[PDB]
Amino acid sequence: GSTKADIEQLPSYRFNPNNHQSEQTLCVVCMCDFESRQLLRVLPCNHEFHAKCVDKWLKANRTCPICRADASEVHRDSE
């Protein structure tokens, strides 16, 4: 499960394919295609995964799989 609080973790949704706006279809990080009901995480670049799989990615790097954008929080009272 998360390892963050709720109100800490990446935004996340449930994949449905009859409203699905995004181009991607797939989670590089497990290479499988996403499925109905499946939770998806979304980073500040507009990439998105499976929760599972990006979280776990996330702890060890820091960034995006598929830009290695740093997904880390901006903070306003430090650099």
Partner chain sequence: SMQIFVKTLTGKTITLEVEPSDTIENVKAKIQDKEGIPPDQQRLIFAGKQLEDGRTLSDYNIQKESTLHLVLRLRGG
Given for the second form:
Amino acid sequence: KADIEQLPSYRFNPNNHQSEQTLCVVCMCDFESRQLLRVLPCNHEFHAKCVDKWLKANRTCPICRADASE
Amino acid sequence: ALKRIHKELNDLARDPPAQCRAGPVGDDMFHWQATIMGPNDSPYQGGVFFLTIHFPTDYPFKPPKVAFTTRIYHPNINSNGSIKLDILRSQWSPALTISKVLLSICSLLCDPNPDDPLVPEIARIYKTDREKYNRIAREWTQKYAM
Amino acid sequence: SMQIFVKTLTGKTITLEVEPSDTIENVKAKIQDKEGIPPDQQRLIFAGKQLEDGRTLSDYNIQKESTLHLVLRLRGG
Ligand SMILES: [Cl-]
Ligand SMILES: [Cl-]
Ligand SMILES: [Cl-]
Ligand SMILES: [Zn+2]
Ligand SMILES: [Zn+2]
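I've shown you the form deposited without the partner chain. Could you give me the structure of the form solved in complex with the partner chain?
Full complex below, order starting with the chain above.
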């Protein structure tokens, strides 16, 4: 949880910045304003709540399989 | 899990893949039925294959359990319809929707791994006599899938 | 000269400008540029079958407006 905690995170802002990723592939729901997003070293983003649970049992990015601890 | 499963169902309706359909059998969202069309120009061409899908309570943090109910001849799929495929076990990712899973399974049909077989006898034929493999696979397709 | 569509792993569809003579490796490279997934983790599917590196789009009879599906590298066992 510590390691996971240290991975970069930020709250989504639809207006300020348009990102190529608009949705969380874990819950299959859109990113919405103020939600906490977690960004893995491969630069793929997810809802923190969603990918944090995945990272508890797995070390890899859901999208590219990249090691998240690297 | 339930909200995600409904999301899967919506994805399928809006943007269906050409060789696959799936959905809840009953009103139970955790038990689905699926169909895969045998790919063209293969021993499975013309075939229609039915499958069953059971989502675990922790989906999608764990893979769906997927099995053929239509008999099929293949090194990686046994007489019980069990499919031995890595994305269904340790290589699972939540990015894989049931649609992407069924497509993956469809693609396994013509891309078997005879070197790590579920059914050794079938793998042996595949490696030693390919025409014989293709002939039997077509026979099973004609008998069971048509 | 032609366009094809790729259903990606990120929950959307992208359009690529390609040619019949383009290799599958070349297409995977473009996908990596857009989606940030390395080619070795990419498995492209068209008409129910995997597309193999070393072949071209024309080898698979992939015509204009075709839809390819991107899934993750897999192996039977
Ligand atoms: Cl839920
Ligand atoms: Cl079994
Ligand atoms: Cl495995
Ligand atoms: Zn999410
Ligand atoms: Zn990634």
